[PDB]
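With the hints as your guide, set chains C, A and G with the ligands onto chain F.
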Amino acid sequence: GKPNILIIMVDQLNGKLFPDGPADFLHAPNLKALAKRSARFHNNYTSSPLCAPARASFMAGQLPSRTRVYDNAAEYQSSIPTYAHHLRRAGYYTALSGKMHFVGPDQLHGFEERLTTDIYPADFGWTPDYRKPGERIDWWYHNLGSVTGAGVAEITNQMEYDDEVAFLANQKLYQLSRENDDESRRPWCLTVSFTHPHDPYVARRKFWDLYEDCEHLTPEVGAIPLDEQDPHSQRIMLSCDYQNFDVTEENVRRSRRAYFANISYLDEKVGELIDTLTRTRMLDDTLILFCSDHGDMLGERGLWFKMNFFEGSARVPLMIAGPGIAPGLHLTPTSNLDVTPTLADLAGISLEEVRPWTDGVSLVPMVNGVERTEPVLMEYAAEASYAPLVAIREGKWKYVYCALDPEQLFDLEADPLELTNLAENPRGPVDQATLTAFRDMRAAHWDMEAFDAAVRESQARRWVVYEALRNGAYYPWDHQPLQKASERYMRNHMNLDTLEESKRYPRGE
Amino acid sequence: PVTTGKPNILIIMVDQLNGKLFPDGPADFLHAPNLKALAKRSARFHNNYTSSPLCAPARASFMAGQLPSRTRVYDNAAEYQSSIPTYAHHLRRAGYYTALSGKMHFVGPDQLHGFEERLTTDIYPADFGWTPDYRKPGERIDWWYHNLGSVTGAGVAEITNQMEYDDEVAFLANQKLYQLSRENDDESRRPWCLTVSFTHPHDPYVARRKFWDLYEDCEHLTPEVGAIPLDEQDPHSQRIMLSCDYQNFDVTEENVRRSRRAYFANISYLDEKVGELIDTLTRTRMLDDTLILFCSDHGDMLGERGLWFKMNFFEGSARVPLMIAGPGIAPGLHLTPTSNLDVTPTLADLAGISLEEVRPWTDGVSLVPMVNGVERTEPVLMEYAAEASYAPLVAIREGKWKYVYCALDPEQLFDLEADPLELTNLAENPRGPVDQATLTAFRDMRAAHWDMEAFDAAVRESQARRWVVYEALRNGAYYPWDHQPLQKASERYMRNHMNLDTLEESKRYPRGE
Amino acid sequence: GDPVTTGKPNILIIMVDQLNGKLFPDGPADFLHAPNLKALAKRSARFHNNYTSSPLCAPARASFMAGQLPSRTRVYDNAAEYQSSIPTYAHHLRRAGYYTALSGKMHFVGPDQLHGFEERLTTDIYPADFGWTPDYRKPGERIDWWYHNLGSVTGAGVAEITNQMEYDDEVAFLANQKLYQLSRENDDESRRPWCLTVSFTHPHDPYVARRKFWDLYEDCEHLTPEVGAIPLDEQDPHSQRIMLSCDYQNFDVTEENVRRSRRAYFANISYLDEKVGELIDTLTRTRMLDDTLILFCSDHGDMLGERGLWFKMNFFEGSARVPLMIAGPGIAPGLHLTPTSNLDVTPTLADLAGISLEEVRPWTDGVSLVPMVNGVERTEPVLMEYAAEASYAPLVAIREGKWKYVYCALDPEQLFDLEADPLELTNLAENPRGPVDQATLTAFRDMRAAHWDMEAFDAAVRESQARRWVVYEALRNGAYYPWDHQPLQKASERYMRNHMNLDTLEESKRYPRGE
Amino acid sequence: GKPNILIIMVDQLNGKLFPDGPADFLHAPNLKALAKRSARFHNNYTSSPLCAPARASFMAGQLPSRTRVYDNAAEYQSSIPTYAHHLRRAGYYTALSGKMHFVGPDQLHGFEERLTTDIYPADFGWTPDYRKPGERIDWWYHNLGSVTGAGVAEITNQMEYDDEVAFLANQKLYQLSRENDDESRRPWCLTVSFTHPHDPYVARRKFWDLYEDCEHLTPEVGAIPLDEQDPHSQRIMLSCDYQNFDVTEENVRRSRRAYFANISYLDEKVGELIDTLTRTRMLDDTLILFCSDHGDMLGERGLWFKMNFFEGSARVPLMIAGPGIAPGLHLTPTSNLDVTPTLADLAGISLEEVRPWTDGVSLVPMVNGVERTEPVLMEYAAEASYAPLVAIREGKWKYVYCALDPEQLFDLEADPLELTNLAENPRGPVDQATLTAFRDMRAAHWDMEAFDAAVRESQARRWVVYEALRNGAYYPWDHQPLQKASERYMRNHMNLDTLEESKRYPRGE
Ligand SMILES: [Ca+2]
Ligand SMILES: [Ca+2]
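In order, the protein sequence lines correspond to chains F, C, A and G.
Residue numbering for the first sequence follows the entry's author numbering, starting at 4 and increasing by one per position.
For the second sequence, the positions run 0 to 391, 392A, 393 to 512 when the entry's author numbering is used.
Residue numbering for the third sequence follows the entry's author numbering, starting at -2 and increasing by one per position.
For the fourth sequence, the positions run 4 to 10, 11A, 12 to 391, 392A, 393 to 512 when the entry's author numbering is used.
The following block holds chain F by itself, in its conformation from the complex:
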């Protein structure tokens, strides 16, 4: 009686565009219809605003300071258990189709089968250096060329990837449908991880035309000048090479437009999976989760992409639908760290077998009306950072600390667009009492000096190794998926009539 699980994951989806399901101006009929079925979490946050740290954190349900995956090139240990391990241990068939940005020779991390390679490298190339602050590496750093180069194309590096990811995921759903009717079956858990709407902001003409009438192509907060920016936002501008880009107003609208178009481009792929689940008669016993690793500022405050804790960068959608899930909207802040314990909870796995391996909490009690009190923690220690940054999100507050930065405190009920720093300009004795309470919480959770030393050791270690691994013949760690052709379709060690019935589903119709 254990259910199936379908995890639909996109990269770089600004959670603010999902207030109660997709925003009304978004042309996303399938994600909207899924929202009406699902328990939606309005204030869900990432664990680290970046591909590799968030995804390694997402898989294991552990903070980057515990997974040791500090940036886009830190090695992910094979020994770290993920939700793939937990479900597989409980009898689940686990599969990943798409991107998880595993760095290191391990590219499965518990997944029994991976349907595609990764769009992004798996080596120690994108290693930052805290030793040299202010330096940027042009051949892999983010720059504002994604904004000035936004436009329309029929194929891209990301669309070739997502077309492959979407097809192979639907092929696996069709394959697993053949194992229905058999009740010695293993429940399957397939993860469909798309790269859109990550930059470049380029979409196909069919979806680009859907947003001709759009008015949300202008950010809520305009471009804050550099000298009025907080130190961390300045560093992000430094790492984006702002000085060599004149981003016009049209560059901002076109980039937001193709971003919105690529969301619709994804909503068509979500509808394919739902349609496949419906025609294969697996939809009723399948949990469906929507999630994302981090967000995109999308020009707000003059910032693009991620690498900060602002709402656009730190917030990601989170929706859970399926049998036993009561639909509704939830406002208590959640974290991506809670996905792995929630997945095991829905899979009947006992809480004592997940407690010592995740730092998050199961959301199933929250779905059924039980109040959650645990705060939401966020860390970052990659590019545009010269020392680790930590962040706490509790109730209506967001606290951000960095040993080189003045602290930030935001009342998100009274200041949704975080423009007033309550740590610098407190409103009253309650703001100062809240700031002191978050300082005690932060010191109880983080040793910021050991955090910095651990990140520096990780960087200096991987560099010496990477300079060596890049001499002589290179040995790639990119995952090479193999469907054995000598065991597919018709081979002369079977029987044609027996094979045709076994590959056909539904049968007898």
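No lab work stands behind these hints, which were simulated from the structure alone.
Misleading hints may appear alongside valid ones.
Pairs of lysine-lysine, DSS-like flavour, derived with a Cα cap of 27 Å [unchecked claim]:
no.: 1; chain 1: A; residue 1: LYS209; chain 2: A; residue 2: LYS35
no.: 2; chain 1: C; residue 1: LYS175; chain 2: C; residue 2: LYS487
no.: 3; chain 1: F; residue 1: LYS175; chain 2: F; residue 2: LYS35
no.: 4; chain 1: G; residue 1: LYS487; chain 2: A; residue 2: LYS175
no.: 5; chain 1: G; residue 1: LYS487; chain 2: C; residue 2: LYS487
no.: 6; chain 1: C; residue 1: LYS175; chain 2: F; residue 2: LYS175
no.: 7; chain 1: A; residue 1: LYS209; chain 2: G; residue 2: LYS175
no.: 8; chain 1: C; residue 1: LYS5; chain 2: C; residue 2: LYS175
no.: 9; chain 1: G; residue 1: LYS39; chain 2: G; residue 2: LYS399
no.: 10; chain 1: F; residue 1: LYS175; chain 2: C; residue 2: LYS39
no.: 11; chain 1: A; residue 1: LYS487; chain 2: G; residue 2: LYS175
no.: 12; chain 1: A; residue 1: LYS35; chain 2: G; residue 2: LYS399
no.: 13; chain 1: C; residue 1: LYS5; chain 2: C; residue 2: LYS39
no.: 14; chain 1: G; residue 1: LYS487; chain 2: A; residue 2: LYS487
no.: 15; chain 1: G; residue 1: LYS209; chain 2: A; residue 2: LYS175
no.: 16; chain 1: F; residue 1: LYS487; chain 2: A; residue 2: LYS487
no.: 17; chain 1: A; residue 1: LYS39; chain 2: C; residue 2: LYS487
no.: 18; chain 1: A; residue 1: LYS209; chain 2: G; residue 2: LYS209
no.: 19; chain 1: C; residue 1: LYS5; chain 2: F; residue 2: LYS487
no.: 20; chain 1: C; residue 1: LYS209; chain 2: F; residue 2: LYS209
no.: 21; chain 1: G; residue 1: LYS487; chain 2: F; residue 2: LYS487
no.: 22; chain 1: C; residue 1: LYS209; chain 2: F; residue 2: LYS35
no.: 23; chain 1: A; residue 1: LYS399; chain 2: A; residue 2: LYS39
no.: 24; chain 1: G; residue 1: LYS487; chain 2: A; residue 2: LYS209
no.: 25; chain 1: F; residue 1: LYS175; chain 2: C; residue 2: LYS487
no.: 26; chain 1: F; residue 1: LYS209; chain 2: C; residue 2: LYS35
no.: 27; chain 1: F; residue 1: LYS209; chain 2: F; residue 2: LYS35
no.: 28; chain 1: F; residue 1: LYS487; chain 2: F; residue 2: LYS175
no.: 29; chain 1: C; residue 1: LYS175; chain 2: F; residue 2: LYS487
no.: 30; chain 1: F; residue 1: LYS209; chain 2: C; residue 2: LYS175
Below, chains C, A and G with the ligands alone, put in the same frame as chain F:
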């Protein structure tokens, strides 16, 4: 040597498509909008025939433009040697990039046969398992022979072995066009030739609910010619009926209607896959420079005369569609009989290859003159030496006549103009002195083209040779010959020996928009 | 179900390339340092007058494997495709329940690199595509980048590693490792009998050997050929075609070049002989020697400077004769003089392996040598063919009794009495001794015309060449798909992995057991 | 001008059998000839008396507490630099032929090329459990059936391995000899790591017959009954299932005889490698290193195999020969940790580039007569242990500590056969000053409870992941060496006569 200006070629192929369903493009009752739109653009050949009504022999013949008696690929498990040049060889030698996505039923260790790249594996085996034996006439091998279980088991399903195959044949083909589109703004570009070979509408007659619903108000669910009893059937048809084990099957009338309905539905399932390729070609801005061919390897009787599947020379099993559209092709309908043997020399001709370099390697003729209104007089030849046959059968199609010979059977001759549904054997019941003179003329033609005794000897030797070899190869550890496609992941997408900004621009098309 | 294999012997076929059969009169010659091959000869039935089917790597080997003439295998040259459907002795043995394995060279051209073999331990040293295709349409031309040239003679010498030596060392090691692996199956009575083929490239040129073996022939006297260099004007038309195909015009072959070439050639024979002892010792120590038939053979010979010619591609004795020895259980030792052929190996192996001759007769052009081993007289003649480089039309040859008759439509016929003319210096076709020579010549013309239609032969070779040049030109455009064999011993299934038992693993991999 | 380096390594070579080169009674003529050329280290020790922890420590020059490779199933992370990395970074071609017991998906660890797979598994199967002390695991633990099963065989799993290891190593040397006339040649470093003389004690008859007149088939210490043994040796006896084995004296003699025979089996393979180097004319420019991971008690004290710090299990040979090495004997205790910094030193690498990555010291100064003062550290935290054990080896003393065991102090000058525990029975006023000094040294180098916590976390982490990875289809991590045949020997994209000259060496002769 010229290089630029040569067109792209997209060969859309389907398996077991009755050519009678394509009289002037798709028949009106068929819900095939994309194929109807491609037809009116193309030079359609009304009377196109296969080379051999069987999957593997027709495909080795289609590739090389040679008769099965020349390719030695007599049945569904005869070795296709590497040295035999195919149109993939001719185009590739002329500077084309050649790619195959789908089924070609190659038997042997060579699964490319000139193709520079092959995107999928084959749906059917590549060993000597399906080898018939002329030494044992009357035998039947249940584990791979055709049987009427496809007719009694026809129906609806959302996934099948064939639908899984065609779904990834189609996707990988469109992904390759997207990939090839990135090379479009390059003047030094190699012209590409991509073959998309689908397995549908080959049986089982099982289609998705969406397409099965399209044919609820259909009237062609009953064959034009009902089931001829075994006592009144020609010797070859009875052999096909016994090789299908029709005795252990009670085909209801509803069995026929369901089989045909799913067959037409899977034609619509294919037509939607045709529109994807056309739409990919159009949006990638490659449509105007791309010749498009639609063809098939053999037909399907679909219950006509009580027969199903193929392995005979009747119109339903021997006739296949053939349409060519694109630059330099005047649309129109042609009635002179054509053959699948003509595709290879036609492809080489359309691609600027001099036919002096192709004629010593093909038995057919280029259809390019016929497109431009030139009269073609070469006859259409057909062979068969596989299951349900105890000796080779040969056929000649010329003008309005079709003559079928076998050393063990009475001769057959039909006047397809006066007798489209072949019910009057003019060899057994001539209408006058002309039919008697026509029968004599084809006997002299057949004797001039075939040594039917040496034909039977070469087939018997090829079967016995394979039975000793396949005996050993199935002992001990098996070494498979199935094609394993490999797109090296260490060289796709973003890898840290490239530049991220340069990669994104190269993998993006169209550029600058 | 499983074929009956009780009481059937193992078969170890030791093969070499370019071994002049005249160096094996009654086993290895006396002057050769070959203790292990000499010990094997005194155990074995020795066929003094064994001949190749075609003097060249690929045509002889496709013929050797199937027991069919090149005209039947269609493998005319070093680039002709070997069809997968042609049954070989690997097929025949494997059909009867044998485990078949090949370690070394067989020069298969085409996508099939096994041809019945269940396991191949190495890749091939030579290409598997249609590159080395001759063209009868351009007679007199030569292709420098793969044709034989006399640089092998002028560059003969000493080296510790070569392309061939890296290969044969890998061939010899994996052969002994496979014998070691099979020895663990040795106390199982439900085991399959094995047939392992070990094919070495030596003593194929380059004539380069290691110092250890080169020093063995410091005192040698056979460094000068029995027949000196014949001038080009006094050579037969075919020998002239071989000389120009070897680019003799731009090579000043000194006598010292001849001695160094023969010395390194003889040294590489001792190099091979030490590898023979390694195999014999592995059989002895694994306790599989007494149930294992051992066959020594070669694909063709080498002229070694005799008549001024080098390498092969001709029907003279030094190029056409190869050794053939059969040792093991049931084989009575002795020397045999009736001419035999490499075509006979395949039916012989099937006869020794208890396979009924009615299942191999329709697939071989040779006869079993087992009766000859047991004193039964053999009357079938030895047929040879050649249709490759240095030839502009196919050549054929008949070897019967004391005569050798060579015919080519472009050449004067050749007839030699090998009893009276062992070094074939008198062409009895041109200068008959009496009325018997004229009658014998006519008898061979009738034998030839009954076996070969030299017109259809020349047409088939020309079709095979032109068909490949079209395909090969295309296959060498764009991304190349290689056909070379890639051996794979899955590392995930070797040694100690964590799905087995450690103590059960050691006992199963240990042999002998209980000692 | 940088020299070649040949590292010949063996598993479980009792260091006491190599006092000043091979012992006289051992028939090792090739290793004795190499000893006369090399700097010989009489008192060299392992970092950890176990296969995988020692080699992980041997590769990186770091203690098992730093590499986190505590047992035969602990993950060796890819970011840890090894001497392969250091040499590869310095322009060396690095190759490994043989066994290194890498656990995890990385089977290269800086090695540009690996010629064979490993003889032992690479997953987390052999994982101990501190939570269940006193309970062994039958299907991979050591048992004394190796002693009762010693004998003669012509093929074993280890000999098939070492025969392949030795051949592919000599083939690589021949292959590298072709590059030997280029001035732009990369210096090569080939590591030939054999598995012998690891148990099973089974040898070929040719070598077994060499030791018929031997008088060393009896251990110097007889079997110490269980009640008189130290607690650690008692757990070793229980972890070996000693109660289910009646070990005859002939069982002891046959085990040592096959062990000594396999040393001669290795000495012949050593002579092969030297002969290959000599004939290819690379001998004069090649440094040769003989070493081992740990030793074997060989019945001494009634113990077999390793897992302890006694001389027979903790001592290993270490010899360095080649250009720029002065032959001679050395008695100051050295460690396997010193090999990686010694290799970098001999390869011209600056000491400041390996200083932060190694816990050892370069032995090159000691070779030239400079006194070495650094003590030798050893750790163990695997089977037959319920808590980590540490050990210090300085001057003439060896101190062993464990939180669950009485301390041990041995004066190896007066007590080479460690029979008198000076910690329990002191002799004079120095023996208790010395024990107090080693307690200060041990407390300064080791947090024994943090050590026990890290080992326990590693064990519980892997038991969860391995249980999952062993469900469904298994993904093997074993190394698959592949020399692509499409690029070897004669292929038709080359020139035949150009190829024969390039593959022939020496040329022109
Ligand atoms: Ca991301
Ligand atoms: Ca040869």
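Each hint tested on the structure:
| no. | hint | result |
| --- | --- | --- |
| 1 | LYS209/A <-> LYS35/A | holds (20 Å) |
| 2 | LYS175/C <-> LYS487/C | holds (15 Å) |
| 3 | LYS175/F <-> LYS35/F | holds (24 Å) |
| 4 | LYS487/G <-> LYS175/A | holds (21 Å) |
| 5 | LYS487/G <-> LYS487/C | holds (15 Å) |
| 6 | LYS175/C <-> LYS175/F | holds (21 Å) |
| 7 | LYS209/A <-> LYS175/G | holds (20 Å) |
| 8 | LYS5/C <-> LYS175/C | holds (19 Å) |
| 9 | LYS39/G <-> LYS399/G | holds (26 Å) |
| 10 | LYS175/F <-> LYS39/C | violated (38 Å) |
| 11 | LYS487/A <-> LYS175/G | holds (21 Å) |
| 12 | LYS35/A <-> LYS399/G | violated (62 Å) |
| 13 | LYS5/C <-> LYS39/C | holds (23 Å) |
| 14 | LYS487/G <-> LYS487/A | holds (15 Å) |
| 15 | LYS209/G <-> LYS175/A | holds (20 Å) |
| 16 | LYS487/F <-> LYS487/A | holds (15 Å) |
| 17 | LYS39/A <-> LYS487/C | violated (55 Å) |
| 18 | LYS209/A <-> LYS209/G | holds (24 Å) |
| 19 | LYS5/C <-> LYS487/F | violated (37 Å) |
| 20 | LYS209/C <-> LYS209/F | holds (24 Å) |
| 21 | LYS487/G <-> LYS487/F | holds (20 Å) |
| 22 | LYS209/C <-> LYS35/F | holds (24 Å) |
| 23 | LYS399/A <-> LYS39/A | holds (26 Å) |
| 24 | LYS487/G <-> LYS209/A | violated (31 Å) |
| 25 | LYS175/F <-> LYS487/C | holds (21 Å) |
| 26 | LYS209/F <-> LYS35/C | holds (24 Å) |
| 27 | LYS209/F <-> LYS35/F | holds (20 Å) |
| 28 | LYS487/F <-> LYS175/F | holds (15 Å) |
| 29 | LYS175/C <-> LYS487/F | holds (21 Å) |
| 30 | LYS209/F <-> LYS175/C | holds (20 Å) |
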